[PDB]
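Below sits a lone chain in structure tokens, taken as the form deposited without ligand SAH.
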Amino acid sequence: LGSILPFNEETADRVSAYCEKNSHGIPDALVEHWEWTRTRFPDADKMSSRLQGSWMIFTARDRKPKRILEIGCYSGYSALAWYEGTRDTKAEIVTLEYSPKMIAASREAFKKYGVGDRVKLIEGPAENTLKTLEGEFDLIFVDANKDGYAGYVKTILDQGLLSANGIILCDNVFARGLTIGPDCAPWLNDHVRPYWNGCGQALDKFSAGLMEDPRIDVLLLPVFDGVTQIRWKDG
């Protein structure tokens, strides 16, 4: 038997709002950023919910990571979540982004937000800029091109970019359900179905490959759009 409650669209949305009502919210400045991102960007679908911002901030305050790595910055929403969750420690936040528009968008938001230089944006293809990083990170958040997740994790592990007691959090691993199977997101609009199906197929192979890597513990958590947790096996 299963670990997922079945909801229709209306009710899933309603239960999300219930979680937000009954979870501490994100700071006002991050709400304003979120609303702005939604207003400014057509592809604003790539950005998390307010609840997910709460989850990122909770996670940071709980784990207290010393360095955070983020693969995929988009409009900086999640970077600013990590920044908020780490004010007491002034953790370093390294975030990688490929898209010139998102790069500009992010520096813009980061500028505006008043973040100090502990937030560092590195520009260029992540598969390459990842390889150049020094040291190790306590929390790594992966949410860039879905067809690149397998490569990213491989580089993280190979070069020891994940600290001993760190975790990798990979986002959107379900591809709305299409990671599991083509008939698993019947509600998707026709114009985005080819995209999610492509992602789903790549994330399926990604997920399978993780199970073949004897260095790590893997937990695919059925929350949000699917979150894979990865840690170094103790073992």
The other form holds:
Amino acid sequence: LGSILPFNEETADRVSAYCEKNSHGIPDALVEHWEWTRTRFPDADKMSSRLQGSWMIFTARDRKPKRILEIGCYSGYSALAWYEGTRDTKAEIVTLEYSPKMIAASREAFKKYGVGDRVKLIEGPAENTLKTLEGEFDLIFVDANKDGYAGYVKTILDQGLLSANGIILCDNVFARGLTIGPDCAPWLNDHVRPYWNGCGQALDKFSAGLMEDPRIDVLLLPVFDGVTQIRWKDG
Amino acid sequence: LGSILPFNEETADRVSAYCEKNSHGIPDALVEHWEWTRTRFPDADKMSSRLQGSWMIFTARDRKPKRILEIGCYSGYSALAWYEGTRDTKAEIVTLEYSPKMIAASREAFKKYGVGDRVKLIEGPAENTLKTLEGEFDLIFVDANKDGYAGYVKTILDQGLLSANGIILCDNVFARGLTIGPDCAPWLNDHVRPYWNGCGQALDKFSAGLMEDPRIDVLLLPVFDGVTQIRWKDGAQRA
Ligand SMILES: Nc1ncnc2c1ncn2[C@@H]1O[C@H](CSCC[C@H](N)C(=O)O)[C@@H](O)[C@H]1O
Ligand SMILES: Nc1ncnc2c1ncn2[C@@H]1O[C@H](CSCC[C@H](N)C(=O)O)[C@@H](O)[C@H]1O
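Other form of same protein, the form solved in complex with ligand SAH, not the form deposited without ligand SAH:
Complete assembly follows, chain above in first position.
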């Protein structure tokens, strides 16, 4: 017996709606931004869900990080969630993105919502820009190109960008299930199958690699699209 | 469309095994206790999985709670997970249990494991013993009678048994899916369906009640059999 409840599509969606209804809601402005994003961009399925937004805000309010690093900004949704979750502490948020279209999208949203005082967006290939950062981050959200995750984590660990009591959260580790195998998401539309299959293989390599690193404790949690939590091994 | 990936039974089990393979495992001794529990008891399905064990240990090492409270000990598996996760700080672990059979099992288990004085099993109906507890806990794991969760959380908040920065984790809140609706777990064994439907009705009332409590932030996490995370609202924290 396993640790994951089996649901069909309709029922998964019902249970997700139930979780939303019975969890703290995200702000109206964030809902608005989520819908705006889905209206403007054909690849908006890359953006985190509403429930995931609730999770980001809860996690930031709970952990109270002093500085947050995000890799993969897209339209700025998850950055706005980190911002909401850190209103009390006024945490610095750094987010990395390489697409001009999405840079423009994000700066537009940040101006509209009034979050530029704490959110810093750095434009460029994250594999390069990540290395240029200094100091440390208490919470790091890795959510960019899947085939880059290993490199990102390597940089983060090698340069000490993760604070002693910090956590790394890696998103979409399951690649809709295809990380486990090409046969693990029959419901997925064939049109996006190549992409996600590509991500799956990469994310499998990544996952296996984490288990070979004596510096860290690793937990792959079967929630959302798969979330890997990484921390420094004690002490 | 939402946040949860749909899996059929076989595939869900493969994905669980994948998560285990790709997460740090529980200590050998704890595996031995888990296996022993499954051999000893016919109702061992009440026990958490191995992956959940890794999650408990990770969570404890991460949050570094000073004291941990647990409601529902069963055979001691989750208590020993918390124990493993707090070896460096020697956190006090209080665990509440009412079944004579499981109390005997757990005390023997704790002695075999060689836990110190820091693991404390309190016998009796948790609804009454929980009120007798003093001080505060940084992590509280609710895993007892599903129809009691609301009452437990109420006591916990009313008496300030949760620390300012503490968290409550409530397990099995989905009741296999039946908390959401009686048609949400067609795979479920019919023999345990009435039981879990009862649990689901109680847990649905529980979940709705949390949303009305102005003291707390709530996140119902669609992981395992449903895990409700509860914290004080920033403004509701007290000195
Ligand atoms: N090498 C790279 N460097 C920087 N950004 C990258 C990259 N590869 C991909 N990206 C960006 O990573 C993003 C992934 S989607 C991010 C979603 C966002 N975090 C949310 O939750 O909504 C895309 O915007 C993409 O352009
Ligand atoms: N009212 C009550 N007071 C105290 N314990 C109770 C109770 N109702 C049920 N229980 C106990 O709660 C336990 C739930 S199963 C707990 C499993 C354990 N936490 C693990 O993860 O392995 C059972 O052992 C049951 O006997």
